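In structure tokens, one chain follows: the form deposited without the named molecule.
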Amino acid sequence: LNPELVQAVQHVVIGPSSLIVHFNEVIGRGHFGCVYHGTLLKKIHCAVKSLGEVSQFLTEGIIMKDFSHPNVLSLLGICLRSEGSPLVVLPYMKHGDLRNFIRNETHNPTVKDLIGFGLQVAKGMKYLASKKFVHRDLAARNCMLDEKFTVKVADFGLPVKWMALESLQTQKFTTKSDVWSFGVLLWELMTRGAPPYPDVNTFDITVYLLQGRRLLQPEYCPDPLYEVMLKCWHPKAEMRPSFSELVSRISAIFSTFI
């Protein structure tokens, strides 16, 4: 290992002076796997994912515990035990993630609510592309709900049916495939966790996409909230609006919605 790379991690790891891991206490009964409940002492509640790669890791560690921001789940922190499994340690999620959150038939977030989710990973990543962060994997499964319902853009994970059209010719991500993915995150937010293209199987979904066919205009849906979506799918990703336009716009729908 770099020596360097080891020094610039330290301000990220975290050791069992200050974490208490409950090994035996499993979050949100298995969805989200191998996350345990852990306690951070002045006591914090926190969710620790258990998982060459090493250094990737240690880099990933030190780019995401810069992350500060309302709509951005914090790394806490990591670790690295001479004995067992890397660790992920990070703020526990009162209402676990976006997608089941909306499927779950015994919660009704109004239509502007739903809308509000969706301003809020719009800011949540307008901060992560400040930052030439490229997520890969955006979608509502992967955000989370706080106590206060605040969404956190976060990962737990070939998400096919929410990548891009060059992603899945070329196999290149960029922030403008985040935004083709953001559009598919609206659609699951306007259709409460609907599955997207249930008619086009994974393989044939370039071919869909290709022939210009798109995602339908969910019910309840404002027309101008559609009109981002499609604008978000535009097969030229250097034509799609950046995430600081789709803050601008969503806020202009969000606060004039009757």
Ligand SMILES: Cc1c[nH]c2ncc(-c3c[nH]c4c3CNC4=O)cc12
Second form
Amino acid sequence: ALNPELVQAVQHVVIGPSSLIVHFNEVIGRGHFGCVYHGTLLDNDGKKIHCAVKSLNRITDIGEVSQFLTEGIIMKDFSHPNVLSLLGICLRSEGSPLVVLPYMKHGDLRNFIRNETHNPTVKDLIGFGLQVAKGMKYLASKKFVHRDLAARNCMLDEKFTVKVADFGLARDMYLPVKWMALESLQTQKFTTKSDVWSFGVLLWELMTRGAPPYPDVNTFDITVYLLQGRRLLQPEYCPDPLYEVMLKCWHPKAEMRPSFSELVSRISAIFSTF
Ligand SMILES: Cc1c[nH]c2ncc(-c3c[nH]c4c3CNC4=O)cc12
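Now that you have shown the form deposited without the named molecule, what about the form deposited with the named molecule bound?
Now the complete complex, all chains and molecules, led by this one.
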């Protein structure tokens, strides 16, 4: 019942069921990421690729299926070393459509840095910040606004490569007012400059090794608190030039904040001093 030219257009994103083994009997992340399962993807050469398979239970009618094909076509053009890629999509005869993602061995970045077992250095933490900045620079270059950037929404692969996630077909893996720019709190509109604000908060989470921001301020009171000029304080083991970068991200004037290219330039120079 689907439109044939749309079916043709999505072909390059479609993973055939003979290319994929899904283990619907073993979930990833104890259900905390929703209906996400271990899977094995067979590439053109027959190489076995460990993947994360999400079942899209929200899709029922043919109209929802059609919009889903588009989201897949759009996100398949989005690939960068610091952005979570889309491996492909599955259109099943019986059962919900599937989203196929690369497996992220060390899960989300917030839980990784919060874990007592892991001891990342100040340099390693700065390195994660630089990787996120690189991923965001790529997104911003394609005029893509994330809207929910935070350490909880970045993943870490087996090589400790940070991937900006929670966007496109990788969203809803389960308002973020304490990560939101002052103008987003006032207007409910999001821009790349509001993403820069959220990046600033993410850098603070990195340097505090996952501490929650403004723990004594209600989500309702955040607007007034920011209007008074109060900002997150300098973390104990945060280099002064990197705290200046964080403060730049939270400038009340969106146009005054650094671009993601500026952030990459400035943070790489800080990383290189260590
Ligand atoms: C969103 C997403 C796409 N691919 C993923 N692969 C793995 C995980 C993940 C979340 N938590 C944990 C993992 C792996 N081990 C864990 O303890 C998430 C994703």
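Rigid core: the largest C-alpha set superposing within 1.5 Å between the two forms. Positions refer to the first chain, counted from 1.
J.: Tell which of 128, 79, 114, 145, after superposing on the rigid core, has its C-alpha displaced by 2 Å or more between the two forms, please.
T.: Of all the options, the C-alpha that shifts by at least 2 Å belongs to 79.
J.: Align both forms on the core first, then report whether residue 237 has a C-alpha shift of 2 Å or more between the two forms.
T.: For residue 237, whose C-alpha is compared between the two forms after core superposition, the shift is less than 2 Å.
J.: Answer yes if the Cα of residue 217 shifts by 2 angstroms or more between the two forms on a rigid-core superposition, and no otherwise.
T.: No; residue 217 is a residue whose C-alpha shifts by less than 2 Å between the two forms when the cores are overlaid.
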